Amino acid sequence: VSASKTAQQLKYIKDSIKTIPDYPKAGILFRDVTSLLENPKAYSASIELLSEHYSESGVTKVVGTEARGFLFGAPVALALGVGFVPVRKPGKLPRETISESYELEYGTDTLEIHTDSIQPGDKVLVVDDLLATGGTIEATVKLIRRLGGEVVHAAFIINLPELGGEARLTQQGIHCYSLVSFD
């Protein structure tokens, strides 16, 4: 596709995301991916661009974190013809799990994954809506690699590179692909 037509599609996706001022607090801008979800053309385009980007990568599994990550991961898995494996806050997955901690602003939290859902060999794509500090993604990577899965790719709708996520993931050997970014 011509750079003209690719730019028009990427712009249509970016213009579909709303910017909310002073949310969650004063002096913070919040990029709301829900306006993208309600526009079938923008939502379907975002899934196409993500899935196509990895169509030759030999991905065997897609992992997305709860909750907004499920919105992009699971359609990407469907588009690639591969299973989808959720990573969840603790006590939600019923079968045997492993766990990893991560930092929040005011405390720590954990993510879990089903131990039976990743096995040695698997080539795992991580998908999430937004890359900010990268802490949940760094935890997820650890989870996947502990179960013997290989992960070198993470994909997002939005990157906020100033929050350091992309730079942190790079340190773990993760290449990040984001449809759009903001300052």
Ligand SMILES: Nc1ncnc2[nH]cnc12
Given for the second form:
Number of protein chains: 2
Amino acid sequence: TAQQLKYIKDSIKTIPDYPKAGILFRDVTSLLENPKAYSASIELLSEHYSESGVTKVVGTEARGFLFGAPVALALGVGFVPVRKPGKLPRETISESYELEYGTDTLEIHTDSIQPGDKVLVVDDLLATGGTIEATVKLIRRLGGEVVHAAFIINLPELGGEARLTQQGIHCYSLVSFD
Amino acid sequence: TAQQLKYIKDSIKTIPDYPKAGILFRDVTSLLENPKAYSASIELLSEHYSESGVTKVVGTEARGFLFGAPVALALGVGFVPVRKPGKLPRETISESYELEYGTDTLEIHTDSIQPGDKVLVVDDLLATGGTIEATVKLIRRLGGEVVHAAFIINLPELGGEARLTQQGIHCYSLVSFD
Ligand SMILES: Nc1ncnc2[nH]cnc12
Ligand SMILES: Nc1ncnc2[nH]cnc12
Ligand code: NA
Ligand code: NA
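Can you now output the form deposited with the ligand bound? The one shown was the form solved without the ligand.
Every component of the complex follows; first up is the chain already shown.
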């Protein structure tokens, strides 16, 4: 697993000074285009939970889709998307989350989660944790249980991990950077 | 394959009168949340091309990600995302496409496609075909060859299939509706 983990971390490029300057951007597209690194990352995420009793996987659009939906397929469970507003067509509920310069909302299908569901949330990267906190609340409001959230990349210094802890989420990340 | 196809088509819900009225919306989320239908759809898309010589799969965000990236994983090839502008961090090129009330642009990483690539484009649904035509041009401008585009759902009466034909794309769809 250490060999695999190392190969995954190495497959991720760092783009210095993007968008703003000083910032080191961690770019997962270089992983997506490496078939061994991409399948390794899905294999490790799905192995880690292979008998956690997961009944649903939730991913937040769009980059969450890229890791959430394959994990679901590998676990053999339904995938449920959380989207920006006006994209889901059936009955939704909604949660808002403060961004840096404003607020945004996320929605989920009310039918896609029911009491008893054990839900794994998967996203590409954990930064501040705001979308994931809104996601969690969406799932909990439909009676769904979420204890774990999984990420390819954790950036701990941006505080999302700490933040999710306060909400009672176990965060699992394949790799991390500062 | 007919049993499988039937089960996939049935798993897709139709929402009458969404967004506007009269329109019958074909909602793939009901398929995503059905583990048998979702894995069946990926199995059939990837089987169909299992010795077409594909070296890359391209999907356009966000709903294209949901079918493109698992097909890539199943074929064992790199996934390459096409995104709205300002999301990809490395060097991109760009293509514009007329929408109903305006124009939008799509971008791709210039490094992710090279001469010799045989590229499959996968999306959830083919309607008018405008995003897929822009996608194709992006891939062809980097020296990449695309002959096939695959979809879960074809809505032929909206003319995208006809439109892609004129650009020399073989469209393969699992199902279709009017
Ligand atoms: N350094 C970083 N790389 C990728 N995504 C981020 N989101 C916030 N900071 C980031
Ligand atoms: N009827 C329909 N269902 C889903 N997506 C569409 N895009 C255009 N028409 C559509
Ligand atoms: Na419910
Ligand atoms: Na190139």
